[PDB]
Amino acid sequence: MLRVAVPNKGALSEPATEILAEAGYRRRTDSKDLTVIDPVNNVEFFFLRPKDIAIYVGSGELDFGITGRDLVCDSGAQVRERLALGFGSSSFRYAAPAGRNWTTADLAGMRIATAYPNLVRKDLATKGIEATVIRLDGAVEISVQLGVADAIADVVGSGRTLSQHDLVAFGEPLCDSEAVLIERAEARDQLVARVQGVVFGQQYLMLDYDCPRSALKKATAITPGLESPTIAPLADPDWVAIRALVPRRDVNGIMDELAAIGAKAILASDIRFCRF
């Protein structure tokens, strides 16, 4: 029996639910229900406050959780980070009023507002800088305008929020975060393998294309696949169909290369999961 924590709301919740569904686990279909019992897989899913997931895994009975690396860092929980899941990427930055040459040294003795004060205190300590870290619940940007803080430390996605409050990021990031599968410090191995199959498989597309036999050597070099491309005859003896897994991020350039050597009906399909 495994117990897995999943963010109940926020930007990580849907993608986390999707990755688990993709791995074959039962979905939360009625969204107002905080628990999902998966008899088939013998897993119980608990839909918890995003901020709290790491504590539940590190100090509770939960075997795994999906949450953000920054939140794990801020929680102080001792958990194993097993996989980065391919969503929820962001960078955590210090920021202060725009138009000034803020650098890390300026942080000394500042009041720094943040919703991740442990993460911020640890970063300052590493830098050898003393400052006054002020915990806020969120929406931290407005704290500078309203006189609570001199600077902030917060998640930076597009950077839109900072610009909207006339703030500019400075310094190296405090954390480069991504959603992660964390495990409490055979059943467990199965779940990690299944989630890994989705993480890995979502990076590829399956490419199928018709190729003239005269172009087969060239095509084989363009799409080597994970082991070696699959080659099957067409009814027309002068042609074959080739199948190869290709990185999702290179598929267009690959299609262009194949078209240039005479490939036809070049198509891509999604895969659910893949074990190398």
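Just so we're on the same page, rigid core means the largest C-alpha set that superposes within 1.5 Å between forms. Numbering follows the first chain given and starts at 1. First, how it differs from the form deposited in another entry.
Just one of 55, 48, 62, 244 moves its Cα by 2 Å or more between these two forms on a rigid core overlay, and this residue is 244. Relative to the superposed rigid core, the position of the CA of residue 263 differs between these two forms by 2 Å or more.
Put the two forms on the same core and the Cα of residue 91 is off by less than 2 Å between these two forms. In a rigid-core overlay of the protein, residue 203 has its C-alpha displaced by at least 2 Å between these two forms.
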The other form holds:
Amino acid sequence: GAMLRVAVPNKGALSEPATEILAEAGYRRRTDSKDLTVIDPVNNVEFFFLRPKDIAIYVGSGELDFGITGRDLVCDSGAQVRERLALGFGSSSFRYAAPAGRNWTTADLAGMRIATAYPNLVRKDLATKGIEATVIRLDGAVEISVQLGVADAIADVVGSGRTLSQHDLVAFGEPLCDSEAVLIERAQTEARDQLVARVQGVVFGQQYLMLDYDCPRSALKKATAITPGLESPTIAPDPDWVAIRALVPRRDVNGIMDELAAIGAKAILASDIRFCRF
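The form deposited in another entry is what I need now, so please give it after the form deposited in one PDB entry.
Here you get just the chain by itself.
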């Protein structure tokens, strides 16, 4: 019916992967790389390209139907939005951190100057612990704030952890947020579900591999525990053996394959896939 309005990051580390997913999903790409909008007349969707912080606000306020942004940003925004899908890129860990030497606990955070780019996120986490501290807002590069003499500890996005160790800092406590890129919606229904199914179909193509193997009937129980599938594993025969098909995660596939080999599975074969409509 009415044209759907979808926002994607214009720039930075969440942009290229997001525009890759949208192109794989069949959506019309931008005519020039300096465009901040594109209209796809075949699929009836208008795309806007914005800074990630603004994406959460305008899904929240209803000016956009969907957005792609970081989970941590959403956690920090306090916008009226629900996470509709996890996108499998841009992943990071949000962590308390402080100077090395002392053994640090969450309890040590009391009465401290804490620097972060995500003040609402942090204020909310401190309230759940019952801790009063003074939270200092930076725009980024927050892990030099303690060498700069503006803070005692930090709360910051961590990827590898190289930046922390290169600056003599140790992460402590459980992560406040485990972040990855997410498709958000405000907290034309068929069209909305259609878009979600397209995007999910691509994500599943990126995250899962198809496994084919022959397994003994003897071992079938253990095998389905090892490979449950995204959908019900196809199972068919052939004297006492069976042939199996199941989507499995790409991350774990060698470990999965070794376990199957360890319970008598044979002719184990992994292959890529492109899209799902499950």
